[PDB]
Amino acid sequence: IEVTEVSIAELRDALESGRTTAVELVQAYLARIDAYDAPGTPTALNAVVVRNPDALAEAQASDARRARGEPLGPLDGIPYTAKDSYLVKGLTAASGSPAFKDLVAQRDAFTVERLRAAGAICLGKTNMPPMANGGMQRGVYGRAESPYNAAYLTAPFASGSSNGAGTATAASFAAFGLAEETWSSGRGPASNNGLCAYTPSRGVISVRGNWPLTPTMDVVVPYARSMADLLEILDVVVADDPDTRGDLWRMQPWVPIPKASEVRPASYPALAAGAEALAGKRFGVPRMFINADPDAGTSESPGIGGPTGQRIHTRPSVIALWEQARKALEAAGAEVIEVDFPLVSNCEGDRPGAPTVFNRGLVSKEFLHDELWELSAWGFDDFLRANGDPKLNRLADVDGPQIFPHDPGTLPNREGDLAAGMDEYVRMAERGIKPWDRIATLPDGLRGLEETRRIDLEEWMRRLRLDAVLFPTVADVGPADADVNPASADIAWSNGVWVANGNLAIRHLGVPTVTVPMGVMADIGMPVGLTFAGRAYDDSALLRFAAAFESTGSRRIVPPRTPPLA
């Protein structure tokens, strides 16, 4: 059968009626990978970088269960891909880093455990920059290319590390995909590839067995081509993980975090709805993301580094898609209000009187320093210890200069020297790393982060009577040669483009989001998403809003570079 642009429900229907088998499905996806992804093909998208050699045997066992009339559940026999940061037992888990190219996973990540128990089949692992500490920079496997337009990047350049997952899921190299986000490494690639994606509130999906980057910020992010598929995934993966090791927010005792089983609904697929779910709702769109905020960037020295705090120049064709999205929401009975966005303005100090996260006093400068260094060094070292690969199980034994080497011939990283930056973590391990529960600044820091969200988002949405905040996921897309072309790098590194709209505040403060396709820019053929954000633990309502918006149109297209075969 054809698998291009086919939904999970259609696949399960085919498996149940005998129209196909799990083996036939795996072969159909591997065929697309071999025709479009592998080196030496005309497209050479280079999205899938590590194959699962047992995939066909796993498919065999799945069909044996079905012939015996006992499928494990709705995802039995459904193929997916996982970002190279996920531990998949028996395969390498380099996190795209040359220093870890031979590290082998001794167990599964929690997400993978749930999917394995459900009979889902990992076809392989997807591309990413070293340690997810970037966007489109080339790692040990290079980088992935866009299936929509070879001239533009498949993700934001500075934070879009799930760049293989975005290409692979949009090109139907599997039914769905698994990604991860620290700044915008989840929302970014979803936007450029027309995907649905969900960034959960804190503690909803265990991050055990996932390569950490910043333990206060890392979250799991599922990718799918439709909201219905996204809900199929969540139904299976969202559950309580009895093992808390490595998951900072589920280990810490100072901030109340609810159990996953307390946050999820009884049934995720039941969250789908039509336009009726938008009637009478109030949605606020930040002026700063629709070219309506002349005050952005008008303080004396705005930002907290890079292009932050600067006025965002949104592409005209993205504005045109936003206006149609607004009309669709209003036609469905919703109210869309242009508003400020304190969450970002008070993090980046972008206008007179606005504080920054560094000078506001809700979190201390020393906590922000420990977050970047001491806590992250502990994250790396404890992940290696927990995995327990006999050949490499301590951060102090790592080849520092090889963690994130610079790609020769490309322009410098505007965030600084990241090869030396990452090497410092090994020097730290050699001096001795304090565990997380002995870092003195942590208690006040975690409470300060939650306090910031309460003031800037939750109480703010109450007085405005907003049901959600929404905006284009990104302001523009960087050209594909932003790594070597100065003019292209200037665009790719500008605010709203280097990182998805929201910069660091979204993940730093634990804001749940859902992203769906907003359409395709008419001038360059690149997709752009619409992001819904809301109060912590309002995830269910946000998923429903996204599903309802999706139902009002058909805003996704098959990538023109990866058509159905034959």
Contents of the next structure:
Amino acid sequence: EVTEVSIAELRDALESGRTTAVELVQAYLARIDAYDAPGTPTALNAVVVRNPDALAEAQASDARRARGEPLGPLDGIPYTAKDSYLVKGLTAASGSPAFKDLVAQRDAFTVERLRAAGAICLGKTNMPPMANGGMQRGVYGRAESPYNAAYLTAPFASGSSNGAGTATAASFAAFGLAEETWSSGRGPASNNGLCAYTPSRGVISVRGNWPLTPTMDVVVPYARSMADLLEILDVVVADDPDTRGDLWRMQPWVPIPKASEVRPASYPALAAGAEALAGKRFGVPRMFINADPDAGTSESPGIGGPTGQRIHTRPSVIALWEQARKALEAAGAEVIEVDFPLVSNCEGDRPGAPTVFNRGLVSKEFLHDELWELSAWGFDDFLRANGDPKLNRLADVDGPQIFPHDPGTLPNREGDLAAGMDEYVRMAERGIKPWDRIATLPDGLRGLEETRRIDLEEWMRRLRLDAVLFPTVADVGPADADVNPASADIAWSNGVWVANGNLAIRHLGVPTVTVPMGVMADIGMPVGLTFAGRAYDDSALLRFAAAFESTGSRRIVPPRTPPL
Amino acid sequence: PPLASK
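Complement to the form deposited without its partner chain: the form deposited with its partner chain bound:
In what comes next, the whole complex appears, and the chain from above leads the way.
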């Protein structure tokens, strides 16, 4: 039985003969065929592309082990990867019809590390087209929640790793791989009671990952426990000699430390009990716990959509935060209610607060380049680097098919995305400039880091804060949010459409660690607790999250996917 | 909700 089993217990069974790599692959496939495939009562639709060589790779794992030569701690451990990941031999559509026949000619760096370690990819998980959204249906549709069919498995507007969240929580594999541009990593993890880690810039190479916004894309591993997440990072986190596609590891204007310089000697050693929280100071933004009436009191708040508006947290989510704060205080930690200039100075939600568009730290022309010229190059250079003879140029892509609207669903609120994605093909036909010749890049990248220094780094120092904590999301949107107007208003509200922090978290290179905060008593939906801190302080944040996880049993098995 | 700052 593999339901809610840890990597250590699986490796333990592999070394004792109680199971084999092949038998683990078959155990997970039985749960996929019983809960994930179409025609089943649940039909969660998380695993959308199968790896036909999973059994062949599993047989090779048992052959290496029978010979007393395991490749390492993850030899024979199944996992899933977001459809944005390049997995050699399999398609890489990014959930988009226009790329449905694109074949990965090689692996992504995270997949290359796992394959060399003997880990076997069972398949790829669902996502909206190009990760440009959350719960919108792509070429493979969308994934459903294993905790409550009446609610989404991820934020509707930014939660593109919805398949990775559902699959990991339902034990369709030992762990999962996700990706985040806004909240596509923290979002799905929150609704499924998962542990997630968004690293600082350049810690995990994004080479071989379908980009969305090269300045913000990061690799996000999923795990049902902090122990499992540390098992994963111990293998994937390593220096990558090939920097192609990774903008932050290519640019020379801003210094970025090597991954081998940021990572600890042993990630599993970062685990600790409640002692790691004694004498620590943690700040919780009032805006994420229904304690900031000043949010949204400016003349024209926000920078588009529901940004810059007051967040109404669900009462059942407040009750879990109250018990989470009590656990922190009982462990000797100090929780302080504070402002959050990182969000307020980005969205201009109160009088005097500037926005990223008018503050002057980054030019307006860079923000234009950041989402048009720079992203079009990201799409084009990814196709050129992969090198599929059938499709290796963005100019040769069916534009209108990159993100076609789902007929019968409510129109997108941010704006039209069918013609918006086709525009990137128009730019590729007129000529795309590469990353290193975009004039606004040197000032923009230095301005992004400076923004974090003022709003977060120096801010945390003068407040003597060790980390910043807050509920990952304020509420969950109903599953019918795509067709029900009443549900759309809930799902598209601030704090719900996107995990707390909106774009400023990923825009400024802020590391985060998310852990389950508990399950809502009313609707039985999990909600997470996010730990954020200074850049490249990742080891401390991972330790804090592991310490908080040890003080409670805040994860349950999804009721829709019981053990077979 | 997904691309850069818009």
